[PDB]
Amino acid sequence: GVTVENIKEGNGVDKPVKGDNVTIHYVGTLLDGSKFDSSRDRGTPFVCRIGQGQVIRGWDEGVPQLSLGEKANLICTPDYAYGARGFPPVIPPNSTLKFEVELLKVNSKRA
Amino acid sequence: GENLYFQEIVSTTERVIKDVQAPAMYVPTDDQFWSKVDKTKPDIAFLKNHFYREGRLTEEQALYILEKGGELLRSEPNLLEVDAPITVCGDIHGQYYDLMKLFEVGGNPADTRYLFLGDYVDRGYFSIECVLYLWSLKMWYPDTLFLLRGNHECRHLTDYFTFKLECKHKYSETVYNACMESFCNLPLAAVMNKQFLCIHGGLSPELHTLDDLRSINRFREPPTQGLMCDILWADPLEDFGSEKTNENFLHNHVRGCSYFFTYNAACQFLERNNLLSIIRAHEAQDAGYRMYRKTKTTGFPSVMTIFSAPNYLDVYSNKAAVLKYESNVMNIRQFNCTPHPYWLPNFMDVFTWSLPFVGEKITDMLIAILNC
Amino acid sequence: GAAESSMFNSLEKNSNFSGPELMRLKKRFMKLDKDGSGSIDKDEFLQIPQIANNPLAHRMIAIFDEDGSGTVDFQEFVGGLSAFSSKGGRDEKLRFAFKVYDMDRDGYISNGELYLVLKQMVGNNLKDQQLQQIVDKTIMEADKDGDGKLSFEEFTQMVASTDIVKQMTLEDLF
Ligand SMILES: C=CC[C@@H]1/C=C(\C)C[C@H](C)C[C@H](OC)[C@H]2O[C@@](O)(C(=O)C(=O)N3CCCC[C@H]3C(=O)O[C@H](/C(C)=C/[C@@H]3CC[C@@H](O)[C@H](OC)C3)[C@H](C)[C@@H](O)CC1=O)[C@H](C)C[C@@H]2OC
Ligand SMILES: [Ca+2]
Ligand SMILES: [Ca+2]
Ligand SMILES: [Ca+2]
Ligand SMILES: [Ca+2]
Ligand SMILES: [Fe+3]
Ligand SMILES: [Zn+2]
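Protein chains in written order, with the numbering used here: chain A, 1 to 111; chain B, 1 to 372; chain C, 1 to 174.
It should be emphasised that the hints constitute simulated quantities derived from the structure, not laboratory data.
Treat the hints with caution; some may be incorrect.
[What the hints assert, rightly or not] Chain A stretches covered by chain B per the calculated footprint, using a threshold of three residues with CB under 8 Å from any CB of chain B:
#1 36–42
#2 87–100
[Said to hold, decoys possible] Under the rule of at most 27 Å between Cα atoms (straight-line distance), these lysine-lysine pairs were calculated in the BS3-like manner:
#3 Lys296(B) / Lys324(B)
#4 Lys71(A) / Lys127(C)
#5 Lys149(C) / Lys170(B)
#6 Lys35(A) / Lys127(C)
#7 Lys27(C) / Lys42(C)
#8 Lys119(C) / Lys105(A)
#9 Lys127(C) / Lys18(B)
#10 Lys35(A) / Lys168(B)
#11 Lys119(C) / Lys35(A)
#12 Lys18(A) / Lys361(B)
#13 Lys361(B) / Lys127(C)
#14 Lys18(B) / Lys48(B)
[What the hints assert, rightly or not] A few chain C positions that, by computed beta-carbon distances, are all more than 12 Å from chain B:
#15 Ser5
#16 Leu11
#17 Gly19
#18 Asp43
#19 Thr71
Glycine residues also receive a C-beta, built at the ideal position from the N, C-alpha and C atoms.
Construct the complete structure from the given sequences, taking the supplied hints into account.
Encoded structure:
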C-alpha cells in the first residue's frame, strides 16, 4: 500500500518500532508535484508516536522501514492516506501523496 | 460565570503570545489610502506597512489599483526598449516580505529603474500584496518601473495553484477577474540597452526575429502551444553548452509543454538579431542566478538566469538575486529570505483545520465507552 | 419505581434515543461506575484504555458535565451522547464542537481559549508564534460585530464548508 524510496542512507541500526517517538522533517507533494504542506514551512520538525494510529497508515507502516538519519520518499496510495474523502480543503479525493521525509530523531537518539 | 486561569499564569481572557504583532483589523480610510502629494495614486509609504501588517483594502480600492495600472501597461508596446542603468529582477512568487528586501538591495524605485520578468503570484500566500504593491508602483513610476508577463500571470495556472484561492479569500472573485484582465496587458519581452533580450521563459522555434515579438496579440491568455506559450515556458537544455544533440529545440517533458532550447539555438538568435545575451528567469537557482555558456562571437554568456525568490517555497533554502546593470560594470547582488507570518495550507481557518482531528478523537472515545 | 420512572420518560423526550436504547446506555453507564456512586469520576473515565491516551479526554468530560460538579451522572451521560445520534439534528452536532473550544462555557470563543485548546492538541509541531498568528486571522475573519470574540453564529457561518455531520456521528452505535 505504501512504497519507500531511499534518497540518503541511514545508519541501518536504529529503526523505529511500534511505540517509538519519531521526529521527522517532511515536505508533502501531490502526484503533480504541487506542494500541499511541509514541516520546513514551519521551521520545526514534526513529532508523533509511530505505530499507534496517530498518523495516516502510510506513515505508520513506512517509518519503521527507515533508519535514523535516512532521507526517503513515502509514496502513499489513497487507501493509505486520506482516501476517497480526502482532506476537505487541502488533499483532493483519491489523491496519491508523496512525503519526502528525513528521520531526524527516534525517541531521544539524535542523528 | 466561570473564570479559568492556567499555571506565572495566563487566562483565556487575553492573547497568550504577546510578542507577535496582531494583524491590521481595519481597512484603510480615504486619508490613509490616497496620497497627499497626488490625489489619483495610492500612498506607497502607507501601503508598504499596511500590507506588511497583513492589511487589506476595500474592493473598490483594489479594483482602482488594477484598472489604473492596466491602463498604463496597455499603452506600453509588446517589446519594451528600456535603458541602463536598471535593476532586473526574477521571480517573486507571492513572497511579499522578500519583495521588501529586494527593493532595499536593488534600490529605491524613485532613484532606480526596475525590470521584473514576471511570476508575481502563486506558491506564496501573499501574492495579491506583491501585485497591488507593484501595480501601485507602476502608477507612481510608469517611466522607470516596467513589469513583464510570466507563465503564471494567467487564468490557467492561477486557478490550478493558489492565487485564485487567495483572491477569493482576501477579496472577491470580482478582484480576481480584474487581476486576470490586468495581467493580459503586461508586455511580453524587453530589449535592455540594445544588447539583451529580456523575457521570462526562453526562445521558441517560432521566434526568429524581434519583429516576431512585435506582431504578437498579447491581449489574450497564453495558448497551449506556439510563440506566446514558449516565450513564457521554454527552458535551456539540462546539459546546456555541453549538448549531445545538434537539435535547436527539444520537447520539454519536464514542464509538460513548450520546448528546451540549446546553446546553438541561443547563439543563432543572438547572431541574427545582433544581441549580446538572453536574460530570463523561470528556473529556481540555488545561488539566485546562473551564467550559461559564453557565445563564440562576443565572449558574453549566451543566457543568464535570474531568480529573485529567496528560500523558495520555504523549503529550498536558496538565495535570490537582482541584476544591477550598468554598461561599465555588471553587479549581481544576492539576498536571503525574511520572516513572514504563518498561514495554514490553502488559507485554512483554525476550525476547518482542527475539527477533523476533534471529530475523530471524540468519536474514538465514545466508541470505547459503548464497548466496556 | 416512581423515582427512576420520572427520569426515564423525561430523557425519552429530550434525547434523540428511544426507550430500548436508554436501557442499553444504563447498562454501560453502570459498567463504568465501578464504585456505584451514580456518577462517573475523572479517574473512572481515564481508567478506560482508549480514553487515557487521548488529547481530547479532558474536553469531552468537561462538556458532559453540564452542571460542573466533576462527575457525569446518567442524565448528563445521555445528554452528551444524544448529539452524536444518527437521528440527531445538525445544530446539535455543531454545539458540541463549539463547546470543545469554549472552555469557560460563557458562549464565546476568545483568542486565549482558541490558542490554549489548539496548543494542547497540536503540541510543538507548530511554533507558539505560528499558532497565535493563525488564531488572530481566524477570529478577525469570523468576527462580524467587532467584539473580538466568536459567537456560535459566527462559528457556524465559518464551518459551513466543513461537514460536521460526518465527523460527529456514530450511527451503528446504540
Ligand atoms: C489542530 C489539530 C489537528 C492536528 C494538527 C497538527 C498536529 C499539525 C500537523 C502538522 C498537521 C498539519 O497541519 C498544518 C497538516 O498536515 C498535512 O498537511 C500533512 O502533511 C499530513 O498529511 N500529515 C502531517 C504529517 C503526518 C502525516 C499526515 C497526518 O497524519 O496528519 C494527521 C491527520 C490530519 C490525520 C487525519 C485525522 C482525521 C482523520 O479523519 C483522517 O483519516 C483519514 C486522518 C495529523 C498529524 C493529525 O493526527 C493531528 C491533527 O490533524 C495534512 C494534509 C493536514 C494537516 O492539518 C490537519
Ligand atoms: Ca463513580
Ligand atoms: Ca455532574
Ligand atoms: Ca469563552
Ligand atoms: Ca463576534
Ligand atoms: Fe517560476
Ligand atoms: Zn515561471
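Cross-check of the supplied hints:
Under a criterion of three residues with beta carbons nearer than 8 Å to beta carbons of chain B, the stated coverage of the stretch 36–42 of chain A is upheld, 6 such residues being counted. Here the stretch 87–100 of chain A counts 4 residues with a CB under 8 Å from a CB of chain B, which clears the bar of 3, and the coverage holds. Under the criterion of a C-alpha separation no larger than 27 Å, the hint pairing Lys296(B) with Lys324(B) is consistent with the structure, at around 25 Å. A threshold of 27 Å between alpha carbons decides the hint, and for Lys71(A) with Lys127(C) the separation of about 24 Å falls inside it, so the pair holds.
Distance hint between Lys149(C) and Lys170(B) is fulfilled; the C-alpha atoms sit about 20 Å from each other, no more than 27 Å. Proposed proximity of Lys35(A) and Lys127(C) is supported: the alpha carbons are some 21 Å apart, at most 27 Å. For the proposed pair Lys27(C) and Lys42(C), the alpha carbon gap of about 19 Å is at most 27 Å, so the pair holds. Distance check on the hinted pair: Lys119(C) and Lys105(A) sit about 22 Å apart at the alpha-carbon level, within 27 Å; holds.
For the proposed pair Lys127(C) and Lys18(B), the alpha carbon gap of about 14 Å is at most 27 Å, so the pair holds. A C-alpha spacing of about 20 Å is found between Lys35(A) and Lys168(B), which places the hinted pair at or below 27 Å, so the restraint holds. Note on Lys119(C) and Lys35(A): the hinted pairing holds, with a Cα-Cα distance of about 25 Å set against a maximum of 27 Å. The hinted pair formed by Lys18(A) and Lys361(B) meets the criterion: a straight-line CA distance of about 20 Å does not exceed 27 Å.
Pair hint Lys361(B) plus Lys127(C) holds up; C-alpha atoms about 23 Å apart against a cutoff of 27 Å. Our distance criterion of 27 Å between C-alpha atoms is met by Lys18(B) and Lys48(B), whose separation comes to about 23 Å. Every CB of chain B lies more than 12 Å from the CB of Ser5(C), the least distance being 25 Å, so the non-interface label holds. With a least beta-carbon separation of about 17 Å from chain B, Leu11(C) lies farther than 12 Å from that chain, consistent with its non-interface assignment.
Distance check on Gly19(C): its Cβ is at least 18 Å (rounded) from any Cβ of chain B, clearing the 12 Å threshold; non-interface status holds. Residue-level check passed: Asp43(C) sits 15 Å from the nearest beta carbon of chain B, beyond 12 Å. Remark: the non-interface label on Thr71(C) is consistent with the geometry, its nearest Cβ contact in chain B lying 15 Å away (cut-off 12 Å).
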